[PDB]
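First the structure, which I've put down as structure tokens, then a few questions once you've had a look.
Note that this complex is displayed minus one protein chain, with the remaining chains in position.
Order as written gives the chain letters A, B, C and D; numbering starts at 1 within each chain.
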Amino acid sequence: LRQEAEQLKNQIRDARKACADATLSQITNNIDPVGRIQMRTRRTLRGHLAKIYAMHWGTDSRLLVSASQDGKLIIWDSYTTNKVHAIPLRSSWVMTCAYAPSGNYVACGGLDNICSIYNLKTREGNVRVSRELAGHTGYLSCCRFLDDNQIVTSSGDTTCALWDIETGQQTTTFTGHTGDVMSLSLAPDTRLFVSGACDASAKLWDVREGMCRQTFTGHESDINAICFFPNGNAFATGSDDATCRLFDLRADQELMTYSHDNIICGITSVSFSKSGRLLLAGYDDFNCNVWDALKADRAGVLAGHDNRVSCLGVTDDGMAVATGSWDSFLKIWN
Amino acid sequence: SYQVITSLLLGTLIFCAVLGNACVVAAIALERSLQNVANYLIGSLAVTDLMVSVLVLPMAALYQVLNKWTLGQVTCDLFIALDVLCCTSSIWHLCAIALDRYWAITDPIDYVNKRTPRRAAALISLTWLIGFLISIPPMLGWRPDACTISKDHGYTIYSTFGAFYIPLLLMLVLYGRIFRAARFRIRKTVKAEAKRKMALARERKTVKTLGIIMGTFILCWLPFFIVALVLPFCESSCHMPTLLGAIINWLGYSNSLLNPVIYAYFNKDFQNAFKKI
Amino acid sequence: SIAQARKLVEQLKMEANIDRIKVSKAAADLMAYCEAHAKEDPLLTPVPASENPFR
Amino acid sequence: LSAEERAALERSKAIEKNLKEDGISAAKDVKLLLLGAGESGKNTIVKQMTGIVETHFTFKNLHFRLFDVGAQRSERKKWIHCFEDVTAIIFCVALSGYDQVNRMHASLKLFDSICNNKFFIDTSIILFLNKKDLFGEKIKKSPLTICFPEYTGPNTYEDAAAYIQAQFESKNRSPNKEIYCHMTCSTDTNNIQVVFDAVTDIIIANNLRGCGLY
Partner (left out) sequence: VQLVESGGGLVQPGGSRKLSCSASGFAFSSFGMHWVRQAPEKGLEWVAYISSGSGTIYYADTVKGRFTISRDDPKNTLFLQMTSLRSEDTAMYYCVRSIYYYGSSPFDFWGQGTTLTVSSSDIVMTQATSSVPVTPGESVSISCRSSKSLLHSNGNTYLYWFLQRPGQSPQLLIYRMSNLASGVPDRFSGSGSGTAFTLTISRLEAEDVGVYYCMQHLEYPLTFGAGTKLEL
């Protein structure tokens, strides 16, 4: 059966090379590159007393939630730097957080293998754990709400899961990864999502049927970050081999490679600008770089973090970038 | 020409002292990592020596280059008061740093639990309190174109003992106890020749570090304070050459230049912090 | 086991038989999306400080 | 500010105050990463003192946090950076493992990885040698050659245990990191005293290094 699997893999390789007419670099040799995309730290969010592992913007592009090792989930008013909530976590070992698209819920998880859904908008004025989603047998590396009731989580047990939060039960389990799934990104329409794992492969998952539509293998090392292009027909992955790759869903192969000879450190987080021409990747060299996602040119740099930039996100209105880091600060960039 | 070289040397020393102390204070105030109780005490020592450098050293350098006090008597009293206050405060910051290190090494449970920046504030306030109690009594009354300190015998004993000799004994005792604790820690570590090599290296390192601290403190201020103690008692028999006295006083002043070097620039965390900028 | 190999073979067969488009077309679509939305990209074309909520 | 914005700022300042107080309280906690290899004697010392087991207890005015993380049956490097700020690693090694296939060679490889990890350059290790009584029962009959063909030493209990322990310190290869080995028989209710002594020595050595006296 291994022979048949290898034959099918070779057939997929031949099909991918068949569709490789002109590389993204050849078709974007004539577009005018943006010279130096220079964001500047507008707000610095202080109040985390440990390394920050995750942050997630609100859909209102003003509130953001940050997860840190000090056992606190803090909701920030990024405009005024006001702390809207400070949620004490039962497990301090949180390495992911998600903010519900409605804003009524926030999720967190990590080494406790449990996704904790927090009801922000309660009749009481406190934030309480509405639902603890247990069932993953590894640490949760990412979680992403589809809506108030559906959340997709990725775990170190090599499986992504879809949860019905009201019942607390896994609606679907997305098996097929061989290494620890490290990140998720839902499509803008949230009908399907990509997940990067330690097997250096990003898989495209259909939410309803639970079937892996496509598998993308371009990286040499552990994929730490993944993010759809704004139109949902492509995505970008960030792996430990210091390179980002732009895979197309329809083309089913990498289109562009975002690597620089000065960069040898791994990539913790990636995100796109609202138009998608910028690919903001957070690196282990303590700063975030900005990439011309169409020309692979390093458009700019986001320096200002004294430790590894573990997470970064762009507002749904594309106005600002928040980059958390292990130095316990979130900086808002414009 | 002769006084121009003196002016250049004194200005260079004052500028180096101001630069070093301002750099240490800036390193404390700018970064999160150097906001520690031990680093609070080191930065407060830098603050005190910056006050020395920008208040006391300029007027003293003027009095030295001109060989006479070309200011008012009231200004002379204020200058001598600031002199004694800031120098006593810097010596007692050395003692407070020694006490903090003693508590950190011989009492690790208290280091984990009870060590707060409130303790650093208390130590700084008490060092400045002793500085005031040593500088002001002349102003309350305890004592010619000269700005020499009071030669009162009782005040000489009180001020040389409360500003150096009791601080000297306190640092001697504290750093001897810290030396005993460091040797006990090394012996417990070696309680396999690589371990013995590290034990010898660490014993030589603790001897070298105590040598640096205590030798700089002593050969900065003790040459001054021996003379500041005996000289009123030698009001007619012993004669101060006024060159040796100048040299010993400026050794005492240079203690303020070398304090950031010992306590901050030799600290690895400070070195990394300065490499960051 | 044999079941894992069969599942891998079935997954590979299912993934292979899809409709892949030319990467020239995919690149053209990405270019058209980035050009059609360059105006509303405050990180690409910064908004005036009056229109920037982080001032 | 508006009245509502003023009250929101007041709420934010209250949140900041509570965060600072919680950080002050958490800074007084001594964090220990409790490791081991499969069937090692981790559970015995756990009783003596999901995905991660966190144990809080106070011993001699010191509050310890034991992070038992062996249940994370995945790649360690994907979660080992979470414990970058641990005071020490309490490694458990079953002495009665040289005769079981190899268990203790896998433990040695894990110990080498833990020592040479980029996040544990200066993090001490409180090595525990578990089940020393069964090791003594098994060491008189079977010699210490299955685990160490290069042993070439006396078949005695003390020499065999010392050889295993010394092979363990051989992986330290660091001047700022020390290994505080202890021998445990699973019937001694003083292992937390050994952990406390090791942690106290760790704090004292860190303070001496800060003073330049170590």
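By our rule, a contact is a pair of C-beta atoms (placed from the backbone, for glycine too) under 8 Å apart; a residue touches a chain by one contact, two chains touch by 3 or more.
A.B. asks: Return the single residue from D:5, D:21, D:85 or D:137 that touches the missing chain.
C.D. replies: D:5
A.B. asks: Touch as defined at the start, partner being the missing chain; which of A:43, A:48, A:56 or A:85 qualifies?
C.D. replies: Of these options, the touching residue for the absent chain is A:85.
A.B. asks: Which chain A residues touch the hidden chain?
C.D. replies: Its contact residues with the unshown chain are 62-63, 77, 80, 82, 84-85, 103, 121, 123-126.
A.B. asks: Using the document's contact rule, name the residues of chain D that touch the chain not shown here.
C.D. replies: For chain D, the residues touching the absent chain are 2-8, 10-12, 14.
Everything that follows uses one rule, which is that only the chains that are shown with their structure count from here on.
A.B. asks: Can you give the whole-Å distance between the Cα centres of chain C and chain D?
C.D. replies: 45
A.B. asks: In whole angstrom, how far does the Cα centroid of chain B sit from the Cα centroid of chain D?
C.D. replies: Between these chains, centre-to-centre, one finds 42 Å.
A.B. asks: Among the residues of chain D, which are close enough to touch at least two other chains?
C.D. replies: Counting only residues that touch two or more other chains, chain D contributes none.
A.B. asks: Tell me, which parts of chain A touch chain C in their complex?
C.D. replies: The touching residues are 1-2, 4-5, 8-9, 11-12, 15-16, 18-24, 27-28, 31, 34, 37, 39, 42-43, 62, 78-79, 176, 211-215, 229-231, 233-234, 246, 248, 250-253, 255, 273-278, 280, 290, 293-294, 314, 317-321, 332, 334.
A.B. asks: What part of chain C is in contact with chain A in the complex they form?
C.D. replies: 2, 5-6, 8-9, 11-16, 18-31, 33-35, 37-38, 40-44, 46-47, 52-55
A.B. asks: Can you name the residues of chain D that touch chain A in the complex?
C.D. replies: Residue list for chain D touching chain A: 5, 8-9, 11-12, 15-16, 18-20, 22-23, 26, 50-52, 54, 67, 69, 72-75, 78-79, 82, 84-85.
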